[PDB]
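Could you have a look at this structure, given as structure tokens, before my questions?
Excluded from the complex is one protein chain; the other protein chains are retained at their positions.
Going by the order they are written in, the chains are A, B, C, D and E; count residues from 1 in each one.
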Amino acid sequence: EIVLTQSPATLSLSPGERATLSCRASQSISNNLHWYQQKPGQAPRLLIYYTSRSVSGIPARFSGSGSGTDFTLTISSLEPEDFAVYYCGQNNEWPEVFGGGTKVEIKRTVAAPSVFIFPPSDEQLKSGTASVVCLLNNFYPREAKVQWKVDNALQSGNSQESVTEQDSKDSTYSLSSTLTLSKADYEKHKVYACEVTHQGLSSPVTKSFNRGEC
Amino acid sequence: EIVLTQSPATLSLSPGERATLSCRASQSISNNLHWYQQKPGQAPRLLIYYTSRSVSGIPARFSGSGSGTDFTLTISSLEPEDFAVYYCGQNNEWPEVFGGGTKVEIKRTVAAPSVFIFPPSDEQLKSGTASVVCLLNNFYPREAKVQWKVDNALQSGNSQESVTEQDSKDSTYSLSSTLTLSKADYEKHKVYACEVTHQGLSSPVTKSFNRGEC
Amino acid sequence: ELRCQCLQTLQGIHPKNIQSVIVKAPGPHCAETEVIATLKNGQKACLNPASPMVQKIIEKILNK
Amino acid sequence: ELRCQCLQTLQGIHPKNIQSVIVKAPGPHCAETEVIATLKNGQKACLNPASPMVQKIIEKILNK
Amino acid sequence: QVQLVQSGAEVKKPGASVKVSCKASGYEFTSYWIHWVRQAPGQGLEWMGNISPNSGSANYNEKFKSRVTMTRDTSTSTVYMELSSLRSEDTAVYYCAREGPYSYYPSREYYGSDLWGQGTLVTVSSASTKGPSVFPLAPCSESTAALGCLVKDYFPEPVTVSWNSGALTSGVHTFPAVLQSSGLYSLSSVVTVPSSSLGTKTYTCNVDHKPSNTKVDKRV
Partner (left out) sequence: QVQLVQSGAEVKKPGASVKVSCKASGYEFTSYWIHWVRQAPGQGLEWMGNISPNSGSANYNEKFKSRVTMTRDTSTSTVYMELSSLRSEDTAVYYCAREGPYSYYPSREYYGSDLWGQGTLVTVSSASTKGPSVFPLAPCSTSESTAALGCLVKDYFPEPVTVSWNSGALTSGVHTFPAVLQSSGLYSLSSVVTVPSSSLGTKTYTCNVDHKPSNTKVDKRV
């Protein structure tokens, strides 16, 4: 089976700049290499076929080159609608194989997150569970670290996080982290805190609340 | 059909020297190119096959190489028995095709010919024809010019020449030039002469006879 | 070779124009038998393996 | 092909091992029909086109 | 005009079977291969196999050949993929896609997959269909404040969220769902607003969970 390796995994560029995406095959696939674009909640869209051939309705700024083992997709000048994920796919042989994808994101200045903490609601507590939420709003780059602390004890394995897609207007990311505890466990402690580490910050930022003082 | 072109047509070298023979194909014959040696009165002999592969019982001094449609036979150090004709032959496709051959000749110092003239015999004259023979004996290089003159009138179109193979002992050539006349045309003239030009001579040598003296 | 080459086939072609025929059995990259004829002009055509005329064209070449 | 590839042939082989068969008609560089089988291991073998078992192997692939 | 229309989302228990359809319209059905390609949440593309609309013979990825069947119905220009012995790892969006046109003249130069279906989400889990509980996200007690709603313990995906019936869009961030250890999903939706607006303007998150026919309006 063929393995397709794409590079880089993330490309950070500004609109108007040239984008160069790489696809390398483990063995020759002749010129039967195709490029696809994928946006959130949509099926992949074919951009270029048979290494360099044009596809109906695709803008002229997309072009492809390469042969056998090494392939390139070029976007001559990025438009805002081009910031998406790109996959290469081979069909020289079956099974078809796709690369792991390259995410093309907008490069902007570093922006520290604004941090907010939310205690569990009275309604949820009555039901036996306490969810504590920490929000990291409008930051860049995407990399951020959240550490939950309950009466200075570091929490691990009892939280889940999610990150939004890059905002179209300000090129930032936001992240939510949820700490889940039982009502009995939650009632046994006082200080609930979320410590945030990001490139935009000189040192970690902590937002906290004292249980019952809400 | 493939065309095989060999170069040079003649190679003049001394024993002990390296010989480099070229064969070029009009289009790809892959590596299915073979080399043969041919001596007078003998069938060709296979030396190297499939561009570079050794043939049982062939001396180490013969080797073959190639790149694309270009092939080479090398004789690392010529032995006296290596002076012969060499052909390349392809069998990647049918019809098989052979090159035009390269003749490897012995280079030796310049040697002037000794020249002799022979009148027609009484026996041949009785039969109605007169053949006059001029002999150029043991000369080097092969190039020689023989001009027939009958009563100082230059002859053209009524003579033929033959040349021997290079001599086994002294590496020279010998040449015969025969002038053919009818008995009636021969009896109408007195002075029969052959004039020889060769690199070994400072100026042309003339051998002659008068009919009234034979 | 590396996948199925024949999405569609012909019922039959002119047998006198055929230079060669490849008969491919089902394999790891194609689950059906494929028949590809190469014509004397170098054109390639997919043929129906189940067609009686295709089987008769092969027989005439095999006995030529 | 640019010349005959089959100086000698097999009267048949194991039909279960055959991946594909090329049946080449006589042409300008080969005056006889040539049958070359490619086995599942990638080995190639020349088959006798006139052999009844060879014709029956092709038929079994064509009907598979 | 050309389209590939797939059947609706499916929810299955491990060990069960699923059959997804892909109806083709507006083009010559017999001119294109139809492939099945899946994408697990947040992952890449994986080829399941394909089918010839002409012969009806399918080709499978060896990973699935023992538990997958692909068929075609000429009368309705519909192709099907049946995946059996389902496991949680089969949770993915399954797409059908066409590749062509190809005729009886073979070539070794291929087209890419130029037309794709809208996808069918197939969720494989021991969980049963359940609507969410919606909790407010509000500060314990400075010109900007954040508010939101925690959409907890629903199954399967998806959930959609708006604020003030779509009138409030600026500064809203609706996060991707997380799959909890319980096998139920949870997501949060937040909005940043002027702190002076708290106590004057109302903020309500509108949650729609079509799989369980649940609609919730949560004032925060």
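As a working rule, a residue touches a chain if its C-beta (ideal position, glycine included) is under 8 Å from a C-beta of that chain, and two chains touch if they have at least 3 such contacts.
J.: Using the contact definition given at the top, list the shown chains touched by the missing chain.
T.: Per the contact definition above, the missing chain touches B, D.
J.: For the chain that's not shown, point to the residue among B:12, B:69, B:74 or B:176 touching it.
T.: Spelled out, the listed residue whose C-beta touches the missing chain is B:176.
J.: With the missing chain put back, one of B:15, B:101 or B:141 would touch it. Which one?
T.: Missing-chain contact among the listed residues: B:101.
J.: Can you tell me which of B:27, B:30, B:77 or B:182 touches the chain that was removed from the display?
T.: Answering carefully, the residue with contact to the hidden chain is B:30.
J.: Among B:46, B:110 or B:153, which one is in touch with the chain left out?
T.: Per the contact definition at the top, the residue touching the missing chain is B:46.
J.: Kindly note down the residues of chain B that lie in touch with the hidden chain.
T.: Touching the chain left out of view, chain B contributes residues 30-32, 34-36, 43-46, 48-50, 55, 87, 89, 91-92, 94-101, 114, 116-121, 123-124, 127, 131, 133, 135, 137, 160-164, 174, 176, 178, 209-210, 213-214.
J.: Counting contacts across the full complex, list the positions on chain D that touch the omitted chain.
T.: 3-10, 28-32, 36, 43-46
The rule is short, and it goes like this: only the chains that are shown with their structure count from here on.
J.: What are the two chains with the most C-beta pairs touching?
T.: A-E
J.: Could you state the distance in Å from the CA-based centre of chain B to that of chain D?
T.: Roughly 51 Å, centre to centre.
J.: From the C-alpha centre of chain A to that of chain E, how far is it in Å?
T.: Chain A and chain E have C-alpha centres separated by 18 Å.
J.: Do you know which chain B residues sit against two or more other chains?
T.: Touching at least two other chains: none.
J.: At least two partner chains per residue is the criterion; list those residues in chain C.
T.: Residues 3-4, 29-30.
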